[PDB]
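Spelled out, the chains give:
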Amino acid sequence: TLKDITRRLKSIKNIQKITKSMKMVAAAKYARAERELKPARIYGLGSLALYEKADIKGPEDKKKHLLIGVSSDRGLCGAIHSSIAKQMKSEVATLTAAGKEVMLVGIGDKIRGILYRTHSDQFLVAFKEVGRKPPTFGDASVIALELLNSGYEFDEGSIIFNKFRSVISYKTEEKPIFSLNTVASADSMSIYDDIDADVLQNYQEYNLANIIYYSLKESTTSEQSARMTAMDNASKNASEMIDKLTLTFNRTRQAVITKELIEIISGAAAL
Amino acid sequence: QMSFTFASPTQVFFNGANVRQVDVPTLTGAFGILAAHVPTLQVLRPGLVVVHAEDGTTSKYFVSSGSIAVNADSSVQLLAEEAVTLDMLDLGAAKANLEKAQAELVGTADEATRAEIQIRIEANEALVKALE
Amino acid sequence: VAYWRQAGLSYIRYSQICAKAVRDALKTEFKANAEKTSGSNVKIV
Amino acid sequence: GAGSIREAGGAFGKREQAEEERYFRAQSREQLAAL
Amino acid sequence: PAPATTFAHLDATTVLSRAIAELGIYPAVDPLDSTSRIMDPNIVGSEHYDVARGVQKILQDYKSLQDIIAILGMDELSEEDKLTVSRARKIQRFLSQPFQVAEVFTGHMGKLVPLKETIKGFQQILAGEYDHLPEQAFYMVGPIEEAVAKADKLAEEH
Amino acid sequence: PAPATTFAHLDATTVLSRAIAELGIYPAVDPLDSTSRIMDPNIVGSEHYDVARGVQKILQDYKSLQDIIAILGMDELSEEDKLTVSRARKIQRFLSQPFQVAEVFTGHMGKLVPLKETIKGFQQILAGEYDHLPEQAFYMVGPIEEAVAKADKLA
Amino acid sequence: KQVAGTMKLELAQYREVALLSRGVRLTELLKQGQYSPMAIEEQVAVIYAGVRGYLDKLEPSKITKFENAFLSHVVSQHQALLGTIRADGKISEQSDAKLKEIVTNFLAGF
Amino acid sequence: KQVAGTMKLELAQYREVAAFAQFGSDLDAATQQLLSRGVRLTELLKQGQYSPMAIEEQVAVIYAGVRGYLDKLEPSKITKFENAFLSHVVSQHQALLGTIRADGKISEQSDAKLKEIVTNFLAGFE
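Protein chains in written order, with UniProt numbering: chain A, 27 to 297; chain B, 37 to 168; chain C, 2 to 46; chain D, 36 to 70; chain E, 370 to 527; chain F, 370 to 524; chain G, 427 to 444, 460 to 551; chain H, 427 to 552.
Just so you know, the hints here were simulated from the structure itself, not pulled from any lab data.
Don't take each hint at face value.
[Unchecked claim] Restricting the straight-line Cα-Cα distance to at most 20 Å, the calculated cross-link-like pairs of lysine to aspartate or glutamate (EDC-like) are:
id, chain 1, residue 1, chain 2, residue 2
1, D, 49, E, 444
2, A, 39, A, 258
3, D, 49, G, 442
4, E, 432, D, 42
5, A, 29, F, 436
6, A, 90, A, 200
7, A, 46, H, 452
8, E, 432, E, 445
9, D, 49, F, 450
10, A, 159, E, 450
11, G, 472, F, 409
12, G, 506, F, 409
13, A, 49, E, 444
My request is simple: use the sequences and hints to build the entire structure.
As structure tokens, this is what we get:
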């Protein structure tokens with residue numbers, strides 16, 4: 027029917043316009059995210075230089091684990107939240123199969139929404155309003171407080187984020203999070219002078235905040251790139267459907283004109 | 037020999053730079069780091085960070101807190117949550133906020149709230165002492 | 002062990018208070034951008 | 036062609052209506068408890 | 370050709386839309402398709418004309434925002450866009466009215482709302498005087514007093 | 370008018386589709402346009418009836434999702450929606466079959482699948498017993514055992 | 427009319443967002474076999490059981506079979522309540538409570 | 427000609443970038459300025475029924491619109507301005523109106539007089 031085809035044409039044209047505008051907006055936000063990712067990367071990677079020079083190795087036999095997953099509250103990205111959820115589920119499986127008591131944290135509503143139906147006994151806290159405004163160090167500080175002011179004395183942790191490689195490529199990375207007992211009991215830390223348990227506690231708290239900040243600043247850039255490419259693809263597909271439906275519409279309008287002519291001609295020929 | 041990385045969550049001041057001495061206000065005292073300084077790791081308190089370049093010139097910053105790591109390869113990593121050059125602060129606001137914090141201390145009766153008031157007091161005291 | 006740790010605080014809260022105090026003492030030419038750049042927006046569930 | 040996505044009644048108009056109804060029923064529950 | 374030829378023979382055309390009847394709103398009048406020849410500020414007054422034009426403009430803006438809602442969802446609009454959508458939904462509900470001849474269909478009782486009561490109600494919903502009341506209080510009521518009363522009863526029970 | 374008038378004279382209709390034929394699925398039967406009057410539990414058995422109705426349900430759900438899948442890509446669906454899409458695609462493949470009259474221009478030997486083996490294979494696909502096999506393993510096979518053999522031959 | 431006004435309202439509200462579990466319950470309750478026309482009293486009993494909450498404790502998949510069993514029970518040991526609904530045309534609060542307790546017991550036993 | 431060439435170019439650019447509205451706050455300064463100038467000019471083309479304007483008053487209004495003396499103003503206010511300003515220029519500036527109408531063009535003296543009138547009115551506008 028001509029009216030159905032016209033309805034569908036108008037609908038898909040609106041969809042194409044909206045996805046094009048969203049691609050432009052994601053490009054504008056990704057520019058700023060990739061600009062802010064340089065000093066944030068220097069900061070967050072200098073925060074980890076100690077554990078790479080002292081070669082902290084974590085415990086092999088400890089019991090409790092804390093698994094953080096970094097995502098946002100916004101969709102239309104692609105395989106961002108799904109990658110985080112797949113890694114989190116795989117790691118929870120591989121840890122619980124080793125007897126380790128695992129507790130989950132989800133930064134961003136999408137990861138909690140994905141994992142809350144199957145992994146909800148193994149859950150500690152989640153965080154909301156991640157993605158609208160760019161992440162700040164205040165966000166990492168708040169997450170680190172509510173991870174510290176929670177009473178869950180973990181033995182080891184991991185944080186699963188989307189490390190940004192390029193405009194097209196991001197890779198789901200995982201970083202370790204050590205406890206006071208892991209960095210205090212290490213034999214490679216005997217060369218660090220003027221150290222007691224209190225300074226190590228303060229240092230581990232600050233480094234938790236730092237690794238959360240670094241993960242947020244990588245994930246925001248990865249997600250803005252993914253959303254830009256996803257909206258680009260959506261606009262491409264909408265244009266394809268628009269072309270096919272325009273062909274169908276022209277066909278149908280020609281057929282309708284011919285049918286009306288034939289009706290008029292057959293009415294006139296019967297007189 | 038000293039490779040010094042000084043950074044804030046949003047700004048990099050030094051990145052592998054070759055400085056010759058850095059003065060830092062650690063929570064267990066102030067100290068000056070030169071090349072081959074003994075490895076240490078500390079957390080900072082509010083105060084001035086004076087970086088000495090190989091050519092005698094010094095750069096003063098004010099850091100609010102954060103961490104400092106001197107490693108065995110003479111690589112120093114200073115990471116401040118809020119690092120600010122001294123020309124961005126004013127003395128009057130530091131003094132006014134110090135007065136307000138002292139008043140709220142003499143008023144408060146809790147223990148953890150009083151701890152927070154004391155932290156703000158000592159931060160503003162460091163600000164006042166550092167500005168002039 | 003500092004006085005605030007005896008009172009139960011953490012270094013994250015210590016840092017927060019100290020950074021907020023350093024921000025409050027900024028001359029207003031930098032203050033707005035400083036409080037925007039470092040302000041927290043995440044909420045807990 | 037304003038409002039033509041919802042007007043076509045496709046798979047995108049149904050999800051638009053579902054989104055509006057979800058959001059505004061949540062907001063109505065939030066506004067009724069505070070009254 | 371028959372309705373299109375009838376259109377030019379009228380002075381105030383009221384167009385009933387099936388899409389509005391499917392929303393549960395009755396009467397199913399299309400606010401963006403009905404036209405009167407006395408909708409003139411030199412005939413009905415500037416307040417009535419301004420309220421009518423503001424209602425039509427907010428409904429057209431709602432139509433435009435529904436596409437962005439369809440693609441993005443309702444949780445991504447500027448707070449003024451959410452305010453526009455909320456007021457537009459409230460104006461849609463409040464345009465509906467229970468009829469005396471529909472008591473068998475609706476169940477509700479009929480209402481006969483004066484002109485100035487209508488103008489005042491819509492002027493207040495446009496100004497924002499009921500952004501705290503839920504949208505379902507304006508549905509199938511008379512004047513705005515009934516809307517406030519229904520909101521009160523809803524808050525009490527729910 | 371001619372096929373529309375013929376529709377009323379038939380007890381069973383097999384409606385072939387060009388769109389399905391361009392997907393490589395042969396025979397090109399449209400599974401949501403073909404009907405029969407003995408598709409009745411009291412005639413074909415409750416097992417047959419349930420398998421057929423479940424297959425048609427999952428294909429209709431896939432068709433409903435097709436629009437969002439086309440524009441917003443595969444990643445903007447839920448988990449149950451992705452599971453429905455995967456099972457529906459496996460069922461689409463498994464509905465195809467090599468004919469013996471088509472051996473000449475396809476090389477694949479024809480398959481004559483008994484009714485019970487068909488019901489069993491589709492019951493198993495609907496259950497999820499093959500959610501781990503790729504969808505290309507169900508394309509142009511006979512019974513479901515040939516599907517698992519082709520799956521083991523791909524990997 | 428008593429049961430169906432509420433059922434129509436809830437089915438509309440479910441179509442608006444397709460609560461949701463009650464809506465799915467009512468949808469799967471509207472399904473019917475072929476050549477099996479139910480009596481109006483049994484229809485009223487089923488729609489009552491579905492609209493009063495006695496079906497949200499069950500998964501949508503099993504609803505159908507419950508109905509069958511339910512009907513069986515009601516047409517085996519409760520011909521009195523069905524005859525009452527049939528003669529009076531309406532349900533009385535007494536018979537409301539009767540069918541209430543019947544369906545509660547059956548759901549407990551189901 | 428002088429005013430409408432610029433107005434047409436600016437409205438064409440606004441139509442090019444109009445789809446980006448309702449997101450324009452998250453786009454570069456050029457797009458936001460195109461959107462703003464376009465909304466101002468669009469509010470300038472509204473008119474009331476049975477009230478046709480003289481060509482010189484249209485020229486004055488379009489001059490105010492395209493030269494940038496409305497960017498700082500709010501959209502919902504534009505109409506009001508366009509009304510008040512008009513009354514103003516009809517009472518206390520009939521000489522410049524007569525000059526523009528008799529010469530058919532905005533001379534450089536007339537351009538400076540228009541600029542002065544509009545900037546002073548906008549300085550004293552609410």
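Outcome of the hint check:
no.	hint	in the structure
1	D:49 to E:444	17 Å, holds
2	A:39 to A:258	15 Å, holds
3	D:49 to G:442	9 Å, holds
4	E:432 to D:42	9 Å, holds
5	A:29 to F:436	19 Å, holds
6	A:90 to A:200	18 Å, holds
7	A:46 to H:452	14 Å, holds
8	E:432 to E:445	17 Å, holds
9	D:49 to F:450	16 Å, holds
10	A:159 to E:450	18 Å, holds
11	G:472 to F:409	16 Å, holds
12	G:506 to F:409	18 Å, holds
13	A:49 to E:444	18 Å, holds
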